[PDB]
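A.B. asks: What follows is the residue order along each chain.
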Amino acid sequence: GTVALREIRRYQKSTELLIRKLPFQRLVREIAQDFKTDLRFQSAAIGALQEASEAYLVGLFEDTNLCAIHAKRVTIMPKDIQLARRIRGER
Amino acid sequence: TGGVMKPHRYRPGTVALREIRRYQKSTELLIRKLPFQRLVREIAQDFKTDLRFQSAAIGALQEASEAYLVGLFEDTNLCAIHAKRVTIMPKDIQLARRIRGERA
Amino acid sequence: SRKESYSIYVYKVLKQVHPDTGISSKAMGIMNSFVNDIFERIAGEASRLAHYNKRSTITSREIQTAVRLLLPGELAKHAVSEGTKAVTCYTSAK
Amino acid sequence: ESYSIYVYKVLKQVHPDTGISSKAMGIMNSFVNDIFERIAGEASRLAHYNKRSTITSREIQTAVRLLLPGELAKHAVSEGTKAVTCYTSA
Amino acid sequence: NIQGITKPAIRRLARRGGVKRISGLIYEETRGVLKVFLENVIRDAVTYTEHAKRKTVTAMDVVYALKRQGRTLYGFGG
Amino acid sequence: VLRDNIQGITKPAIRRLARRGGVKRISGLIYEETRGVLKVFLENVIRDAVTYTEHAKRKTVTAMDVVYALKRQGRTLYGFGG
Amino acid sequence: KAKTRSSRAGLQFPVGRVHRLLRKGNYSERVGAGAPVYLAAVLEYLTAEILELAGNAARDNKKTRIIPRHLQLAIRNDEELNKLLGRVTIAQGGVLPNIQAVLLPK
Amino acid sequence: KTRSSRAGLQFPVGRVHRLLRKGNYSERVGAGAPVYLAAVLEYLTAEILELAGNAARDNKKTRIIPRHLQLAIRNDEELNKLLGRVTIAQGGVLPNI
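Protein chains in written order, with the authors' numbering: chain a, 44 to 134; chain e, 32 to 135; chain d, 32 to 125; chain h, 35 to 124; chain f, 25 to 102; chain b, 21 to 102; chain c, 13 to 118; chain g, 15 to 111.
Because the hints were derived from the structure by calculation, they are not lab data.
Don't take every hint at face value.
[To be verified] Coverage of chain b stretches by chain a, computed from C-beta distances (three or more under 8 angstroms per stretch; other residues unrestricted):
hint: 1; stretch: 26-33
hint: 2; stretch: 39-49
hint: 3; stretch: 56-67
hint: 4; stretch: 80-89
[As the list claims (entries may be wrong)] Pair ranges (Cβ atoms, derived):
hint: 5; chain 1: g; residue 1: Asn89; chain 2: d; residue 2: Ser56; range: 46 to 56 angstroms
hint: 6; chain 1: e; residue 1: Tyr41; chain 2: f; residue 2: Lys59; range: 31 to 41 angstroms
hint: 7; chain 1: d; residue 1: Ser55; chain 2: b; residue 2: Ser47; range: 26 to 36 angstroms
hint: 8; chain 1: d; residue 1: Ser55; chain 2: e; residue 2: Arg63; range: 23 to 33 angstroms
hint: 9; chain 1: b; residue 1: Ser47; chain 2: e; residue 2: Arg63; range: 46 to 56 angstroms
hint: 10; chain 1: h; residue 1: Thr119; chain 2: f; residue 2: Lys59; range: 34 to 44 angstroms
hint: 11; chain 1: g; residue 1: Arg42; chain 2: a; residue 2: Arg72; range: 26 to 36 angstroms
hint: 12; chain 1: h; residue 1: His82; chain 2: g; residue 2: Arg29; range: 35 to 45 angstroms
hint: 13; chain 1: c; residue 1: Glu41; chain 2: g; residue 2: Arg29; range: 48 to 58 angstroms
[To be verified] Which chain e residues stay away from chain a? Per the calculated CB distances, all over 12 angstroms, these:
hint: 14; residue: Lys56
hint: 15; residue: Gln68
hint: 16; residue: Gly90
hint: 17; residue: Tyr99
hint: 18; residue: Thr107
hint: 19; residue: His113
hint: 20; residue: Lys122
Ideal Cβ positions, reconstructed from N, Cα and C, are used throughout, including at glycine.
Just chain a, with the same shape it has in the complex:
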């Protein structure tokens, strides 16, 4: 439990990206391949996608933590994920 708070304190003060660059790059290319072939990508576009996806996931985890806190639990569950997404309006 102690190192959980240590990880929270370390990562909430840091600003570098936490998603590894090359798997995310391959993921973006794999997703984009099935819309159009032979697609090129600027590096800045991949970086913008990485930053936006990280910000979105951080916000989703914060709202999910609020939902978990509501049910008198400390562990987040998938039902919290779809609860937050449903209330936030995603389908």
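Chain a is already provided as a structure; the job is to place chains e, d, h, f, b, c and g on it using the hints.
C.D. replies: Below, chains e, d, h, f, b, c and g alone, put in the same frame as chain a:
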């Protein structure tokens, strides 16, 4: 010996589920017109007086307020169901507003 | 002065798709508001997207791309096909 | 085009001894462009509503009250008004 | 006249959303959030009217303000 | 060709992202759901970005298109132009 | 005989009106010729779909009157139409009947 | 000679006027609109840079970082209310446990 046997009462929730079906089937306004009109005038008084409010503007405001409140209660019902309760509490209202972004 | 509306055309297409069904005045108002709102959305998206490529013209291409950007799913594809059908029909006549 | 020089001028006005990174400069440029787009678009929308073809100080002022929240907007409106009279008195 | 939004009315509004049980303390909370929402929409409609050089708020200002807040309303001349 | 690459988003990466959000304990079923959510979000952004590239007769996705597209999804990004 | 552009393209919606509104609605100095035809066709198809589903939903209710209730039913019961018209409130449309499963007694 | 010096502003009034003219918003633009818009932009940028410099000073730094901009924006009720739907690149998150 002229007494009458009583039909007793319904369980808590039966008349609730009935009136749930009845109000979800019908579409009339649920807030009384005149108190809502007075409330809108009281809120509008604080900025600049002598402001006339067309009946259609008050009706549009009432429809928007009812839609907002119904949506908020649907989200709060989802919150209550998630916490293994059937009664909504103000903490669920605050949480629904928090996740919606309405409350900072 | 008068105020234009889409009431007659909505009634015409309703009579085309459902000959035995009429429509109330409130539903006419909702349909008019719906058509106007969709018009503003597509026109604004086309205007923006045209401004991105430093272009001065809204053509069929800009409207088609705006339709693909807004409409969600198969609806877009169906709309695009019919729109292309209308354009070539116009192009086939004079 | 960029707003780099003007942001540098106002930065050295408010903080002569403080520097700024290039990423912060890009952030400032994006922020200024976004705020400009919001205010100008809402002013145009107001001009379209009132059947007007001219954007004057009025619609800009009301767009500023519409978008910016609280005290901020008031001081901004005051600042804009002062600029207008400063323009008018020069 | 915030008390004019009476307890059966707010009970009906909660009932349309499918809610079975109502806490006793929730009514003040619903009155507060309704007041906040009405305050925001009324403020925006009032400044729209003041820009329009008018003394009477019309339905168009209300629908405009609501649509600008992402709460587009159909049926009132939009 | 690329096949089954979403698993490249590692489990410690999801752990770090949750730690940034203040989450104390993590269930074992969170990772697959998180991967699905990330895939949905990426697909939604990439669809609009590739449409913007196709209209301009370009063959490369630029940063501006990705910004414009997230802004069109209500996710405005500062720092990459606009 | 000066034939209307709507009759030329086989549409019911006014091509001239959308052309005038595009030209007068402060978007861009000049407007291409095919854009009003395309926009009118898109608006036609969409209004046809909405009115079709609404007439069907009225038909299950044994009614010959389309009311806002049927429009709300038609919009919310179709997945893609609900996705498109997500953030709109239909006046006098009501709410779809939905009661949760665990909300019910045992 | 310049309109900026006449209005006592550092932002370019001519640039705002040019963007309004070629931005396809309306047919004509009054003379007071670009001056007013430039003044609003200058006041807002001065406010946010002031709060960012204060945050940088509190963090014992001499150069403003996007971390400092994120902290300055998120610690201000009016600014974060204005910028609720904005995610700052390389900004991180606000420390909250």
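A.B. asks: If you check each hint against the structure, which ones fail?
C.D. replies: 7, 11, 12, 13, 18, 19, 20
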